[PDB]
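Only one protein chain is missing from this complex, and each of the others stays in its spot.
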Amino acid sequence: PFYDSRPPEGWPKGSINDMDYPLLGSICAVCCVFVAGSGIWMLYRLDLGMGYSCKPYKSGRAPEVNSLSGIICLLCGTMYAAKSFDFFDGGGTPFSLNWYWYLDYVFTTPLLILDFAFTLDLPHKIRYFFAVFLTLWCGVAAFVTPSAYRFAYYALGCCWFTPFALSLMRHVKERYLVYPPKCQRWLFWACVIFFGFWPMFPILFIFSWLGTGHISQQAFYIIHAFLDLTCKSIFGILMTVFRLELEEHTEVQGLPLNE
Amino acid sequence: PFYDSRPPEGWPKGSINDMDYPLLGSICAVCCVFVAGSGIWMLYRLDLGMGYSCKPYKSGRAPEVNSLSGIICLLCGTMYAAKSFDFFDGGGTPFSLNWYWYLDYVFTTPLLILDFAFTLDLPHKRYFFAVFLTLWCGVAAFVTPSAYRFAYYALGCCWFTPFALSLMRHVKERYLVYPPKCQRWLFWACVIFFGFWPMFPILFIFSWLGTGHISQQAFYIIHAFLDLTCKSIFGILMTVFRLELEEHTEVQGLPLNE
Partner (left out) sequence: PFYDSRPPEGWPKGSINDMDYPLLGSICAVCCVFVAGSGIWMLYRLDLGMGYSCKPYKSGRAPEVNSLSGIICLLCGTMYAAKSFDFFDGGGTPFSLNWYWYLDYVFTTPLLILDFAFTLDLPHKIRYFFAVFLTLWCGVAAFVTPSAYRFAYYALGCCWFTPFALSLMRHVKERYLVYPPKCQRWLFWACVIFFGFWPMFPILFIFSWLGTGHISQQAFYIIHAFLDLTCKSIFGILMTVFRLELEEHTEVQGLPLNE
């Protein structure tokens, strides 16, 4: 999709691409290591067995959808390795996963909500997947649109995120009472991350360089690196622990849910 | 994928991009509203229950593949909102869903046939990929400036002609299964399918990339109407056919003619 490139003399001074690229690349490398290691741990723990007792699977293999968390974390870590490669090369690299904002997210966070929908047995998994997909593509369109119509694209995304986030919460609540108090605690701390960090992205858009102009692109990159460390890595860890508690309750102890 | 952009002085006069952009944007906005509302109604009606009696689902939720029609209509409505944004900005916008013809279709109409294959229990749900490939052969045909675009078009005609011939046959095998009311709804859906899908290849020949009889603006209006028919009306007809099928088999418990 690329047309632009870093000028031979470098990015013009004062432009949004005139960033601290060694620092951004170091942050991206650290994020890559952390998120990829978290995904590797999730896959290894999933292969260990069901619950904290590590009860062997009857088929000898874990459910395929249960690998979604670790797969998403490993894909995010690989894209952050690519981001570190792009930043350490000075930015504007032909294969830049940093250039088009939220283009990487159209790969992780839809699958992520799918994983969430598979972990909580949430209804309308395809509906939630496509809502997140369209919201992220509206964000990509807003960040590639140089006119005021980007605020239209943003609004379009806000027309896809506000219902979804309102629906998901409701559905999440319907599942929350089902689970035992310990799984409820893990789910509570995962939903705190979800419903307190997903709304941050729309707010960050308004104060970014494409909005009120209060947040620079470098600060945007650092903020979104921390958000991906939270929304992918920490949220996936919390989902893995919630799954372990649910399996210990229902598969190891055989106890029924509060449904 | 974009390399081109609207020139600072505007699109050159007499070029294919020198179109009535306020009119195209208004048409795209109306299409967005209509198709998105149709998808919202499809999802709401699906959540209402099975059949016309709105029989509650045993699990409390509808089948996931049954949301395909409304999801496709909502995705098409969102892409038409993006198209209206592009047209109202004068065209040639970096995120232009109007520039690359049939690029948007690679997202809807494959899923659409999937929905169709899921609604009629059609074999080789193959079909999807065939449509996929066909549409990509269209995309290339509209980005190739040489005569080899007619090769790409022909390649698509080598993927659409068998598929459309196979689908019909398979559709016929399912048509006798369904009751006469579901048969009526299926008949009116298949009329749209087999009478409007062939239009796109014919429209290619007489477009600016063929005989030069249809301008790009007329192409946009024609395809807006076609998307209003192939996505919106066809999805409505499929929803009504599903409602009749559920009323026959799930509410009344009657068996199919299989």
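Every chain is named by a letter (A and B) in the order it is written, and numbering of its residues begins at 1.
The criterion applied here is as follows: contacts are C-beta pairs under 8 Å (C-beta built on N, C-alpha and C of every residue); 3 or more make two chains touch, one makes a residue touch a chain.
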Checked against the full complex, the residue among A:67, A:119, A:135 or A:240 that touches the missing chain is A:67
The one of A:75, A:132, A:168 or A:244 in touch with the missing chain is A:75
Across B:105, B:116 or B:159, the one contacting the chain not displayed is B:159
Given A:52, A:95 or A:226, the residue that touches the chain left out of view is A:95
Against the hidden chain, subunit A presents residues 1-3, 43, 60-61, 64-65, 67-68, 71, 74-75, 78, 81-82, 85-86, 88-89, 93-95
Contact residues on subunit B toward the hidden chain run 1, 3, 123-126, 129, 133, 137, 139-140, 143-146, 148, 151-152, 155, 159
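Following the convention adopted for this analysis, only the chains that are shown with their structure count from here on.
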Rounded to the nearest Å, the gap between Cα centres of subunit A and subunit B is 31
